[PDB]
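Participant: Each chain, written out:
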Amino acid sequence: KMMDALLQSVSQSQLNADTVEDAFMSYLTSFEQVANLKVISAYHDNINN
Amino acid sequence: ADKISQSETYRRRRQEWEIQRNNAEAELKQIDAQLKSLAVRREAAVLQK
Amino acid sequence: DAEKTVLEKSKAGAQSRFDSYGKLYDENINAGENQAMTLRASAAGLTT
Amino acid sequence: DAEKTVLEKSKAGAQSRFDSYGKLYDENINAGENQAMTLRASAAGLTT
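Residue numbers (the UniProt record's numbering), protein chains in the order written: chain A, 1055 to 1103; chain B, 2176 to 2224; chain C, 2079 to 2126; chain D, 2079 to 2126.
Since the hints were made in silico from the structure, they are not lab data.
Built from N, CA and C at the ideal position, the CB exists for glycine as well.
A portion of the hints provided could be inaccurate.
Unchecked claim - Computed, partial: chain B to chain C, Cβ under 7 Å:
hint, residue
1, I2179
2, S2180
3, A2208
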């Protein structure tokens, strides 16, 4: 979903160094937010492992 | 989505200016050959004199 | 012969118009136009 | 000779159309059109 945010954010007529840099820093913000999270609990769907 | 649609509008407009510019250049180019034919036609009228 | 030059070199202009319009037709929707469609439709799915 | 004048002075009109369209093409986006792009995109960054 963050790569879909990226593509439509960068899709425009004029691309400059600053615009693409900012689009990348927003992508990186999303990636960092989804990477720092920690697991709490889990469930195993089947009777046998 | 409105930013993207504005960008695609400006791009389609520029392509229509290629269709127009190429049409004008072709008309300019054919006029020169019309002048070449008339230059001959005038040489033949001096020769008739 | 000069009249022949007039005709064929106006034909080059007609060919450039024909192929340019065909190039706009075959690739009717580019990568940006459908991107807006997908983006606009994603907003419709938040009602539930 | 008068027919020659007709042809060349219509050609001046074709040249004015050609150069005006080229001037619109080479400078396709002015300082205002991209200003709206930057301004519109800045609104997209407030979601987080």
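Participant: So which of the earlier hints does this model not fit?
Facilitator: No hint contradicted; all consistent.
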